[PDB]
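Model the full structure from these sequences, guided by the hints.
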Amino acid sequence: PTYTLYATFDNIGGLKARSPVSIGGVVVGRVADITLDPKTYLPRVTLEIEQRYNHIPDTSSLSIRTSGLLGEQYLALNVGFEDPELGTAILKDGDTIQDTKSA
Amino acid sequence: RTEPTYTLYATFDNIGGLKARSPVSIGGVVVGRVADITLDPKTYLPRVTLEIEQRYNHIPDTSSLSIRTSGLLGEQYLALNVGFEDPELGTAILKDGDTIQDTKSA
Amino acid sequence: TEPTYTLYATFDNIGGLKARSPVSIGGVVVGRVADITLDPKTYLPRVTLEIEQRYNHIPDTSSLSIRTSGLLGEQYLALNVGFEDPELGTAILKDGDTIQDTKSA
Amino acid sequence: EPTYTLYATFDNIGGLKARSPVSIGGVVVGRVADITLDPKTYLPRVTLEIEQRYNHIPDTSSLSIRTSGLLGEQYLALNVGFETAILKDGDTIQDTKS
Amino acid sequence: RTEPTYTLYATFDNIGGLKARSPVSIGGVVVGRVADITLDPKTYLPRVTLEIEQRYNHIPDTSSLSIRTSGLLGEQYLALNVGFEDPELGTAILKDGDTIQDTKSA
Amino acid sequence: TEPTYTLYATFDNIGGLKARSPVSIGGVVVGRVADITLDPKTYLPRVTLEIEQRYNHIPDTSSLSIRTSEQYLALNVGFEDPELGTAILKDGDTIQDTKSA
Amino acid sequence: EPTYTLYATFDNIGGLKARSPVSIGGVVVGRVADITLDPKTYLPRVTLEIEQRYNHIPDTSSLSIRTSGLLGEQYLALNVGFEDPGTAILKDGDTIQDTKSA
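Residue numbers (the entry's author numbering), protein chains in the order written: chain F, 38 to 140; chain G, 35 to 140; chain A, 36 to 140; chain B, 37 to 119, 125 to 139; chain E, 35 to 140; chain C, 36 to 104, 109 to 140; chain D, 37 to 121, 124 to 140.
Errors might be hidden in some of the hints.
Covered stretches of chain B (chain C as the covering partner; in silico rule of three or more C-beta atoms under 8 Å from a C-beta of chain C) [stated by the list, open to error]:
#, segment
1, 47-56
2, 63-74
3, 85-99
Reference excerpt, derived from the structure (chain F facing chain G, CB under 10 Å, subset only) [stated by the list, open to error]:
#, residue
4, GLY50
5, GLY51
6, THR72
7, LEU73
8, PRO75
9, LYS76
10, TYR78
11, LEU107
12, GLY108
Just so you know, these hints were derived from the structure itself, not from any lab. By construction, the Cβ of each residue, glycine as well, lies at the ideal position given by its N, Cα and C atoms.
Written out as structure tokens, the structure is:
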């Protein structure tokens, strides 16, 4: 199964529904839906991440990037670095990835 | 069914490769499409008729439209840039039949 | 169908222009090339254009340029609405008139 | 359509072939009837058939080999020279561009 | 016929367009295949499981793996660069179950 | 009457040239590549050309160049000299000057 | 046409494959019969089948990997080696020692 994460971009470019979310090239989730935020009119992406990948730090970032010859776009989730002395919080169902890089 | 929409107009100097069914997008998200393109008989300037999805009916009249191109197929589209709001300063919301005054041709 | 009126234009070279080629203002098609013939006296290409009558306030200072569309190299006529001067009064193009200012391929 | 004959010599005819069009300002006025090498100089001589209605071409006119559209098909562009003497059946266009 | 094989592992930062059954080659000659790609659960780093033909069982542990692209279709593969051996120190050979430490991501 | 006569030419490399490849002068086709063979003694490619018989005044100073339109042979008519009277190529002769591609 | 066998080692065979042509001056004289990695050197070894009529190839000849026209298909250009007024001729089973990769 999966859990939900949100992320806001200034521009989603060629991103679409079912666009893959990957970590190190490995698909770990997918874009479930894309909506304009009703109050800010900023694109918000709704992600469905496979539940086995449930130790993602909230310091992680999302980048829109392009794969192969067809110009297919995807989300690169870069696992942010945490420091056990400082104790970084883990992303949970319904949480938002705050750090994003648009296209 | 088809999603309900309302009409907005916009005048450009040149519409370029824009055509019917050309998409209108905000931040890359499609919110409407070009319903029709006609030359204004009195000004001889191209007027675009847009159909915008009714859920996006809080677009300030300070918003702008820009003609831009998407990837490999050379498809052109309208990039709608959301304007600044402030009711005190009298920034009105766009309604059915209104015109987007600020446009950038390409 | 929209009725039309006719205008003439002479070019040095009409290039890939052909019958039914579109005439546009600001990218909006307002007419088409009805016919292309060589002038018997000058041997210069003369294009016969059909313009929609609703657009019958085109200044005689307007110009025609042969231009290309991106995807296939198909050619068309771009009509640039000429400058008018409130001081001088608007000399408008009528059915059968000729556009003097032209730019060939 | 009736026609009359004109000749022209080039250094290289490139992709020019039989049935290739001859045009003035993009308007087709004739066709390549034949392509032959001059027996003494071995320079390509093109034989053109021009429609008789276009019989006021000055001998100061020139011929240019040019390419049209996407397929690289070549044609002859006849550029009317500034006027003088008119070209008649059997005459040669002196000025050519390969 | 089919060649028997032994297993090697390799970790990358990014495997890019690499997939299962992606080829492993030395000097353009295919000597193995990607058997599996899994994200390490504690580190979330891609771990590639390689099957190398047993006849090529004298690969030094100083060898490297690079992700590279093949001609027209953008197909990716693993280029195994045979590592430097040292007559003075005697470099250790990779055997079944070992890990290739030197890797170059995309 | 025979439609063509034979000429030979050796190149270092014939490239994409093949049988039925055209031979042209100033873009006008005057012959065809009949065959391509390696000289058994030198292992250098030798092309065999069939030239239309009406083109029987080609000077032996002429050259052959491999060019692209698919590849073809451009025959460049060689310089003649009224003083020396340069020899004309006949059936079975060899074009000495060649340009590979 | 029958054939005889020749071997050649490269550092990298690139886009070369079985049935890739072997040519002299653009004329095809053989084909690549097989490509295998040498278990002892871990260098690609190419097995060539050459038409028997071309049996006067000096052992000083070289092999180069090269590209043909528009599709990037690769081939082997056999460069006929220098003989000296006496170089040994390559026979069935011999190896072309001089090779140049792409």
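Status of each hint after checking the structure:
Remark: the segment 47-56 of chain B is confirmed as covered by chain C, as 6 of its residues place a Cβ nearer than 8 Å to a Cβ of that chain, reaching the required three. Three residues within the 8 Å Cβ limit are the bar, and the segment 63-74 of chain B against chain C gives 3, so the coverage statement holds. Only residues whose C-beta sits within less than 8 Å of a C-beta in chain C count toward coverage, and the segment 85-99 of chain B has 0 of them, not enough to reach three; the restraint is violated. For the restraint placing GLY50 of chain F at the interface with chain G, the shortest Cβ-Cβ distance is roughly 5 Å, inside the 10 Å limit, so the hint holds.
At its closest, the beta carbon of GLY51 of chain F sits 7 Å from a beta carbon of chain G; the interface hint therefore holds under the 10 Å criterion. Residue-level restraint check for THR72 of chain F holds (minimum Cβ-Cβ distance to chain G is 7 Å; threshold 10 Å). Below 10 Å, beta-carbon pairs count as interface contacts, and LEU73 of chain F has one with chain G at about 5 Å; its hint therefore holds. At a threshold of 10 Å, the smallest CB-CB gap from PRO75 of chain F to chain G is about 8 Å, leaving the interface hint in force.
Because the closest C-beta pair between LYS76 of chain F and chain G is about 9 Å apart, less than 10 Å, the hint holds. Hint status for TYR78 of chain F: holds, given a least beta-carbon distance of 5 Å to chain G, under 10 Å. Of the supplied interface hints, the one on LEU107 of chain F holds, with its beta-carbon coming within about 9 Å of a beta-carbon of chain G, less than 10 Å. Given hint, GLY108 of chain F at the interface with chain G, holds; its Cβ is 5 Å from that chain's nearest Cβ, closer than 10 Å.
In summary, the structure is inconsistent with hint 3 from the numbered list given earlier, while agreeing with all the others.
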